[PDB]
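**Q** One letter stands for each residue in the lines below.
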Amino acid sequence: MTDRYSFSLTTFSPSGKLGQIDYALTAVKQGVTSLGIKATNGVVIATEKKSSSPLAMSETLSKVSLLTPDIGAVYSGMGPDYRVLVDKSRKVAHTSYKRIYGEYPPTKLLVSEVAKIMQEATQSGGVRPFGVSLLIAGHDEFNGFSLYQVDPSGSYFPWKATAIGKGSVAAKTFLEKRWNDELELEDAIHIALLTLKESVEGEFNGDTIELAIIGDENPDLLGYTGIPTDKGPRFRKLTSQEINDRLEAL
Amino acid sequence: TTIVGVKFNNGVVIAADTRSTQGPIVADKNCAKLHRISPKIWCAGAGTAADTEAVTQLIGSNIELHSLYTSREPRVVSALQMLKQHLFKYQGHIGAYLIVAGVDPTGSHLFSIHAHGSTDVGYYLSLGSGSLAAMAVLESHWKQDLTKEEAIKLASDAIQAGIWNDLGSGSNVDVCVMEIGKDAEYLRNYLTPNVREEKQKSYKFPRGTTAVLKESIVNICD
Amino acid sequence: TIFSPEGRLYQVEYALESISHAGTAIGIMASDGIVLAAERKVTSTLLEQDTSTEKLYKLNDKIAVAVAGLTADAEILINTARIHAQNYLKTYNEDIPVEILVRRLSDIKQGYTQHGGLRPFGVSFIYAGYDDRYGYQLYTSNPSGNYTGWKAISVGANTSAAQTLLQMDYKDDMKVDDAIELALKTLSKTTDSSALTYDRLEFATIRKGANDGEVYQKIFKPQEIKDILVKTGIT
Amino acid sequence: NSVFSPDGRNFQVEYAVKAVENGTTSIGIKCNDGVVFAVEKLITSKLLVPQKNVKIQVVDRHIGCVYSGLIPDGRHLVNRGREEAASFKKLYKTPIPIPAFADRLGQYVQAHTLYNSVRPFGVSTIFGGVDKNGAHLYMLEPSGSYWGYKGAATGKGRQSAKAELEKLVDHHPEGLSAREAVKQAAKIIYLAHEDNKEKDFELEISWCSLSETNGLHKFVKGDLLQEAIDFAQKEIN
Amino acid sequence: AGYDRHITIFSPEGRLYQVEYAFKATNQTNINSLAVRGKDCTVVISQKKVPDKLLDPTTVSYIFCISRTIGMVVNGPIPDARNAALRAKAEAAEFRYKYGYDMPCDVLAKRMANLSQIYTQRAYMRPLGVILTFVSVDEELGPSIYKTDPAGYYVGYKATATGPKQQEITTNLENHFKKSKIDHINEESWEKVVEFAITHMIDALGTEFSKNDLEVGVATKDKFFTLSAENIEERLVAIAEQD
Amino acid sequence: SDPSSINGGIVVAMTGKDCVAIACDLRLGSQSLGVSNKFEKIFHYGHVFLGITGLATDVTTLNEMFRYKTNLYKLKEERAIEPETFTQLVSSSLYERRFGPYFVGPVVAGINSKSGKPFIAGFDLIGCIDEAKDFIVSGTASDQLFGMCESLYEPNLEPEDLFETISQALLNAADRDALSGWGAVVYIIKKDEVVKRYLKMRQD
Amino acid sequence: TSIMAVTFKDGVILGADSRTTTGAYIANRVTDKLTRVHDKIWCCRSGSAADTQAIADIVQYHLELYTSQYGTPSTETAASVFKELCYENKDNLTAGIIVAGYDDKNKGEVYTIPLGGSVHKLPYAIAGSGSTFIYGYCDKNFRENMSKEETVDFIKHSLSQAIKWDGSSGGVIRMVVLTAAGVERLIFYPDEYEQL
Amino acid sequence: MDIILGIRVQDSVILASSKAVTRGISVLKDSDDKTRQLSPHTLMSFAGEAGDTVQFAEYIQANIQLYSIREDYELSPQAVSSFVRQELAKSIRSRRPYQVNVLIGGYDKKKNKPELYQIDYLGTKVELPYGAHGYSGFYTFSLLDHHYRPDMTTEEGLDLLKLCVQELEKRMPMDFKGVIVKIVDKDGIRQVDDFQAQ
Amino acid sequence: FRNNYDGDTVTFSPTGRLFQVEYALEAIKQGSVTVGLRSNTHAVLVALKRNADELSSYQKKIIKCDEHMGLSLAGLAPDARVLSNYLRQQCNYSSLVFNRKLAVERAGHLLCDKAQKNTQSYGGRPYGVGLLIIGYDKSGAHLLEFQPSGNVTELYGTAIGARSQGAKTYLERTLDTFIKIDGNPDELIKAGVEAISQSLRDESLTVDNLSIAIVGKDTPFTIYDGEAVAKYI
Ligand SMILES: [Mg+2]
Ligand SMILES: [Mg+2]
Ligand SMILES: [Mg+2]
Ligand SMILES: [Mg+2]
Ligand SMILES: [Mg+2]
Ligand SMILES: [Mg+2]
Ligand SMILES: [Mg+2]
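Protein chains in written order, with the deposited numbering: chain A, 4 to 102, 102A, 103 to 147, 147A, 148 to 200, 202 to 209, 209A, 210 to 217, 217A to 217B, 217D to 217P, 218 to 236; chain H, 1 to 91, 93 to 105, 105A, 106 to 187, 189 to 223; chain B, 13 to 63, 63A, 64 to 144, 144A, 145 to 200, 202 to 204, 204A to 204B, 205 to 216, 216A to 216B, 217 to 218, 218C to 218D, 219, 219E, 220 to 239; chain F, 12 to 180, 180A to 180F, 184 to 199, 201 to 206, 206B to 206C, 207 to 218, 218A to 218C, 219 to 241; chain G, 6 to 34, 34A, 35 to 143, 143A, 144 to 179, 179A to 179E, 180A to 180D, 184, 184G to 184H, 184M, 186 to 218, 220 to 240; chain I, -8 to -1, 1 to 36, 38 to 105, 105A to 105C, 106 to 122, 122A, 123 to 179, 181 to 194; chain N, 1 to 70, 72 to 92, 94 to 105, 105A to 105B, 106 to 181, 183 to 187, 187A to 187J; chain J, -1, 1 to 90, 90A to 90B, 91 to 105, 105A to 105C, 106 to 181, 183 to 193; chain E, 4 to 60, 63 to 180, 180A to 180F, 183 to 204, 206 to 207, 207B to 207E, 210 to 233.
Looking at chain A on its own, in the form it has when it is part of the complex:
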């Protein structure tokens, strides 16, 4: 019953820092590496499934999440914060967009909505910031493909390619080396896999790696035929098997 801390828990310090936002960023550093690479005809988001137990079933925990049929997200930092951000993000895409315009939000707008949700946790009374950074990749008719990073402060930035979390500094270097503007999606998935191998401690296979693409429309994933102007999701989670095929040619 009733909150006592109706004041901001993120305040400015004598030097101009916002401590809690700094400390959430330090949490993102401690988290498992995730990355995004933009190609000419798609985006790839990838991360490692770091398991709590060998007795756990890692298929039941998705780090990669569909946000709308053409937008997907991955994170580094505190898992549960991600999970609830994903719920709010899906809802907001409906309440603030689809229920109004009859179509799904373009990438930047949804990212902007997510940013707002995180911005608020930085200003409101009696809350800490979210302990995550997200990578949001998507497609829309008028903007093409995009990749955005969203930070605990509420800040977002568009990226050609980037990595967040543990090995992020080395992985970002490995991406500046490898990225160009002629990359096909298949090349990008291949680079994503290479970059992720430096980060992975243990086994590196389709069971321990999580990887999704924003590529082309998947009419077989639509669930109905008949309406010719509805072609299906561009978001697609690659299977364990699919990953392994690209590791034997890696």
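Treat the hints loosely; a few may be bogus.
Capping the alpha-carbon separation at 30 Å, the derived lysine-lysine pairs in BS3-like fashion look like this [as the list claims (entries may be wrong)]:
(1) E/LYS191 with F/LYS66
(2) F/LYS178 with F/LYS52
(3) F/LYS100 with E/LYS106
If you're looking for bench data, these hints aren't it; they were derived computationally from the structure.
Since the structure of chain A is already known, use the hints to place chains H, B, F, G, I, N, J and E with the ligands on it.
**A** Just chains H, B, F, G, I, N, J and E with the ligands, lined up with the frame of chain A:
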């Protein structure tokens, strides 16, 4: 309006005519009364046209969010439960009458919902001003365990009873087929037996026929 | 919110401290237009330049802001400023006079300074607008909610150094093209980077609609910034 | 209060308990068809009117409540216990089962260990009664914790009372009747008074027995009380 | 005493000490528990310690029937345990009312983890000092184990174990599934799955159990139920004639 | 009386080859009393055109509301709203007032600036979308408009010919409605340009 | 509508016709008017189909929550929940509900909740528009502690008369048998019951 | 029924408003000024239901005056009329709607043009060369269709108005006790104090 | 132990003490002495009124709650007003709804529960006043003592305030005599007046000093001050 619902051995079929009316005047000669709640749950509405579209889209929206949240294919009983609870709340004032049909992990389902929030279940259903015309066809030809083809023929024939005998209905027959294994198939203008005959004369006017007072080019951008 | 023994607002002071670390933003007003230039926060090769707009934002068709500080705070404020412009347009069938919009934004900032025990917004704005009462205008607003009018101003880092230079080379009878040169010169001199290159820059103007009688905002595409950077002899 | 210590404890709740230990000693005993509640009333002064400062409380018609610690906190619980029992009876027609009633208090007490704007309750409460399927006796600590009991004690003489309680359980595994347990309650309250013997006391007893009170909660008064006082007086020496 | 140790705000290292402390609270009862999946059942076993001889042993449980189909075992103090049990029950009834079908095990767990994440983020709530293990035979997923902690974290398990001596039991089961290569126990009867659970508890903890030392919950297609002392005694008898 | 009869007013939109046309009368009345000879009922947000008939206060109010909403759209999205999207925004906007509806009969016309394909839609007062590929009619002479259109219309007309057809439809329907007329205005819309013509009609 | 519940020796039986009308049109000839709110608590609904369905669904919700916390609800508890909703909302509901249940202790019990929101415990209950025609017949033929087969006959005969006279009643006769056994669904088609 | 006329000539806008206030079988007043000045160059006249009439006028006047002092500026006649329309538009769907019809006459100093706005209680706004509310329009609209010219002087406008007042005095069943006439131009608002027998 | 444990009423000390409530108890001990006592037929309040100067009036210490009930106060006076108004309303409520005079014991319970909520709510202090309540209801004369902790006890007699321990010891000694003083209003008052004297290091209790209240079998609750107390000095 004529909307029907027919269960067969491995699924469920819904169908509808394609006439919208403001009183005696036909507004749209070929609209679509078959709507999607989710990929495999489909809906047909009669009564207030804006109401059946809106209640369908709202519940559709929520069903998608549920599906994503629970990591499961949407069920027909969820659509039915949300619709009836919503309609009931609005005591009737949302004049949505619906035949909701679909397939989900638990089999195949066919339901009716009335505006005040009551639901019924059945093997064959009809709603609309053409409801009686259709039902007499349905009561004449329905049997247990229809093959897909028979169910489409029956549902199609029922919409025709509505089209030919009810002034509230006309034009074309839309169909949607939901089978347990497969993707749902939407079949736009499955029948078109009401083609306007070619007119007796062309009415295109000689240019300059219309007196014009003044004129100007209009700016679109900035 | 509370006062100090000195009669200062701690949180406001520290918010201003924060801003003095943000990439410098310059605004210069000329008789026939306005210049907005700002420097991006030490970037990376992999940062998408074409689909990026972190420091410059359109408010309505006749007003823009340059941002210094927390972007996420600035987006919150920009969005409300956008609504305020649309409310005024709907009420009066006239585009909002520039000052009225600035005052309103400023007043929202003042509020977080006086009640509610929330932190202030860590944002300073330079407003660049045109209206049919005062012509071209330039305003500045900081987390205190204070606002002031200028002919030339900077926010963020090195305002101290940038202000002295603008004071030196600013002359009331300038054309826009002269103000463009001044803004880029001033950024170049004050930068903590080596060369001031196109990819570290956001740039915008408000002119007299190429050839018309109407007012037009140009938010420079990256390529345009590269050209205008060779032109003024910094390559 | 909403504060876990480095090793998982709640120091505020622990301190709440010290207030209970500080309090008078109260007990409950589960006989084969009911429950007996007894409490030590310290007489501060002869000016206190005898029999007229009733500590034992009834909830609905079939439940008794006794507690040790900050008395006002106990009254606060019983108020809430009553609202909670009315609410249940209203919707469900039947008077509230004792385990059902136990949890209502349980959740309410636990709630007061979730927030910094609240302090935990400074009581432990021994309560119970007869329902649809037998007799029940409960004890609920400041933390929200509660379990079923054969016998229960709390307060100053808690330790010696439990020792007596433990003995009864061992010698009588087959039942103890309501009439018997009343006597023993009086006895045990005498044998926890030994600690606070510097100040005088008064004994209160109530019971809820299927055969003796027809499943309603009643105060033990008159000849029955006097006889139980004698049994305790004779068995103290 | 810094604020970052009294409420759920970040420490300079990015940690939430109140969440960490809440985990320590889960062991305070010194009770261990484990869960395994059969071919068409799921079994939870938990120790039952009744130290005080004034207690009614039948009211001493850490196993709850959340719905007709879902059971939940808690590691942590009972006051918080019952708080969670009550919530789950209400969330379960409500789900069925609104969506027309029984709330799945994992969905409930997800929901409970979300409530936990809220206590992890809002200042005025403390986390609950409990770990919740949810079990059923889901109508879509089959036998299921899902476990939620004070961090708001949850996942599905082949089998799991919780409590002070949790590691012993975990590595035991890990060794079993290394041997069998499958992710359940092949076994027809729930009775034999319970026996396996009790057996592997005995080796791992190196202790014998009487019928009053144990508490058992079993979930089969469409019920979840708990075994009485007598059904457990029968189970204990059967293990003895071979092991 | 009937709120959609007080002020009078008609709007009609047609599609043709690579074009759309939208037209309205100019009358603004108060029952029998003609009040304004100059009351336009068509508007445009970027290249998207919206005609509105019905109660004139709601016509005005909705114009101001759709200007507001499209202005904000353009700022967030960095592009002009398209025909199909606007149609959706009108619908949801009307349905939001389900039990206190605007007494209007909106009509949307335009060309998708990507696909270049002609688009028209109609709505009822609570936002029910009438998707039609040929013509849409609205107002106190909608019966007469339906008759005129169904007789005069043929698909794929050239902008110069579609102009005659829509004008003839409007003029003659307007001349059978006591509350429509008093001058007319016709927009012809081709991707690249928009011509606007005031017609000469009876002034009674 | 013709609905009835009858207590007999071994438990209780619910019966109903299967017809739903809007005016003189039969919207549904095969309706299931027998509604389960718990395993061995069932009810028959009359009045507004919307109102009573919504009520039944809330009661089912309350009893499921009840079973989770406190165990099997008594029939009286089920009736009390129904009455609460019906009484507290008498001025938005046209709901006439008959409640019938079985538990081991109290055996077979019947409660009728008519329009007002009052509750009445009865050895048997009739309701719905077709009931009016069978007040004489039922009062003349009901006995206490009948056998299952006798009771089934009593409902079968009663409902067939109700169907015969009331145009709103008709179709098939559905029954639900509630005992220790067990739950048993019965059905009887016009060709059988009309010949009675 | 309350006469409310306005005519826009070339360099000014002229408002004329009946002087009677009638309740029941009694004329309580024959000198009622049914006008409020909104700003030095904007005038508004009003007619409608008994109480809402003055209450609405004065509320608008307070608002426009507030604006002027806040901005040290006079809002264009077009902006004032938009403000007025929106207030009436919101009002019509409120609990108890303002039953007032208005004429706004303004001289726009930035364009040097006179402007006349007719707005009814529904929030129906339209700019007119001449306008009227109530029954009076049923006479005056046709007269002015005939006699009105876009280039008339203020003096010609006053003759045209006198012609309108004569028609109403002849044909209207009620006695409205003549009008108060007001002229809005560049040099502001002034009243023609002699009209009743001028 | 004493450190950060008296911040608010929402903190327990490591000893299980609530210092805010213990400090509120100290405001009573600071207050001017007051005595209440009863027999079977009457109950009497006697209070030592206190001035704040020689030019001031002695501030009132006895408040009437209903015809059959009233109280005296010691400690923070505005708190007495808050509490007596509540009691006035509870008495009033019982009369209007049930046509029933409120049992003095129920008034005890009610005041107790009201005090309690201020020993548990953050950002609210406890009541800082002690009260003695007398009344005649359907079971005779009653006297209660109210502590800000919420504890209410029914007594034959008692005293609260500065140096009150004197009067209490006397009343403990007089018990068997004053309990029997029945049908004699004036004897019981004179017994109470002399009881309050044991608590005087002060001065001699004057005609302004003294405040007496009575209620009983056939006497409505009435207050005596000024000239009307002279005959008991
Ligand atoms: Mg037809
Ligand atoms: Mg104890
Ligand atoms: Mg707290
Ligand atoms: Mg917290
Ligand atoms: Mg029409
Ligand atoms: Mg006409
Ligand atoms: Mg019949």
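**Q** None of the hints should be skipped; say for each whether it holds.
**A** To see whether the hints hold, each was checked on the structure:
1. E/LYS191 with F/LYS66: With a Cα-Cα distance of about 34 Å, the restraint between E/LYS191 and F/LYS66 is violated, given a limit of 30 Å.
2. F/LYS178 with F/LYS52: Between F/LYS178 and F/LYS52 the Cα gap is close to 24 Å, so the pair holds against 30 Å.
3. F/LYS100 with E/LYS106: Holds. F/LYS100 to E/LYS106 sits at ~29 Å (cutoff 30 Å).
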